[PDB]
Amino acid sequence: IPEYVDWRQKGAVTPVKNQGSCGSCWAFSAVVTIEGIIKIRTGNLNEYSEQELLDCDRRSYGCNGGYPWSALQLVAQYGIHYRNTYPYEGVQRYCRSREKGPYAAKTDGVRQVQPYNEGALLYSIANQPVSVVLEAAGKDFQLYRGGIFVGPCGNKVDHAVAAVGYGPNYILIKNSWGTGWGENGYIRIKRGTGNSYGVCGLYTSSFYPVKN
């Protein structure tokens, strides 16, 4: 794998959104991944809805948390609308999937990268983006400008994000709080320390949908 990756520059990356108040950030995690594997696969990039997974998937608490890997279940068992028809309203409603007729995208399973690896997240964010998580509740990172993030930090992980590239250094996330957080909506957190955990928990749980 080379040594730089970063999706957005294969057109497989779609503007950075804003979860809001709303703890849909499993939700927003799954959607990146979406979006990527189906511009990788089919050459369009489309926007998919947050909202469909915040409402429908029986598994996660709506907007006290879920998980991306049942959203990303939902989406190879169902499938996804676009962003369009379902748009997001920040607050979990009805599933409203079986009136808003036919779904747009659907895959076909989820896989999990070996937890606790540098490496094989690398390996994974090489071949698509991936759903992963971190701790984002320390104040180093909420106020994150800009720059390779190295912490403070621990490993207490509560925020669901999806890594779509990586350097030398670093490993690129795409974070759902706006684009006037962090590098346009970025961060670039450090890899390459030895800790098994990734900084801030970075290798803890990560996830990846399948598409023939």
Given for the second form:
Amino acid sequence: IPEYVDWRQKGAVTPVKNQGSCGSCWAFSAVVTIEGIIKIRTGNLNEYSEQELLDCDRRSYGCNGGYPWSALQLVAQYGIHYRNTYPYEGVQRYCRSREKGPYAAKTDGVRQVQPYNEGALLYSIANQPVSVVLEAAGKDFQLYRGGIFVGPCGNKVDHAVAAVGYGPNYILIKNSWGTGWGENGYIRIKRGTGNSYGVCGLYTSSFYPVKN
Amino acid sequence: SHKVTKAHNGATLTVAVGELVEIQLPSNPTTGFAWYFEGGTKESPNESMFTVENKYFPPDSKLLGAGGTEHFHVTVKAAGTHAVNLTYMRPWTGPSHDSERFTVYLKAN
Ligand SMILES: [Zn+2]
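Since we've got the form deposited without the partner chain here, give me the form solved in complex with the partner chain too.
Starting with the chain above, the whole complex follows.
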């Protein structure tokens, strides 16, 4: 696989979003992967609806939390509409998919990366953006302004984001806290530490959409 | 308990100098929002009047984005009425659309 990967350089990553105070990171994380795989396969970069996942994933709890895999499972089963068709409101409302005409895209399934394995995760990121989870509640993560982050942070994951690239000693992560956070909205998390959980638990639970 | 919660927003509590006041507010820090004093810090704006320790309790849940509870354990240092003024915000941003405010007054004789 390459020494460096950065899906933004291939036009496969949309601008950084702001989830607001809603507990919707699970939905934002999923949508980064969908946007990415649709560009990889079709050549078009579109934005897809976090709001739809919020309102429609019956397994998750709206702004009270959810699972990126559950959002991917929904998109594989029923598809997803464009962002302009179903815009973000940052609060859960009724599922309005049926009022929005046919879905814009649908995936073919959801796959988990072998967990607690840095190499397995890098191989998957070299293929496409991957939904990943980490421990992000800590003050130093909140106050991150840039650089390769080694901590401090714990290992009990609580935030879902998306890995959109990597280099020799970091994994590149798109966050959903706006561009005023970190590296224009991104964080580089240190890799190669030998810790199987990964830095801030980054290797705990990673998923990507299957799409031919 | 004698825990101060959102239901006490704006209230005045009569306290002893040296008494630990228990403040507990819903918080979801993996949204990037949390509770801060002006300027984006967890530290007392005036250490002469009151001292503050802060602790975040996550839910014991695997749901990503499930909110928890921030505790502020506040000790009054001086007689007087002291306003504990918090804002729920992104500390690098300051107040925004989704921000909320919480105030309690601690009256020490
Ligand atoms: Zn407490």
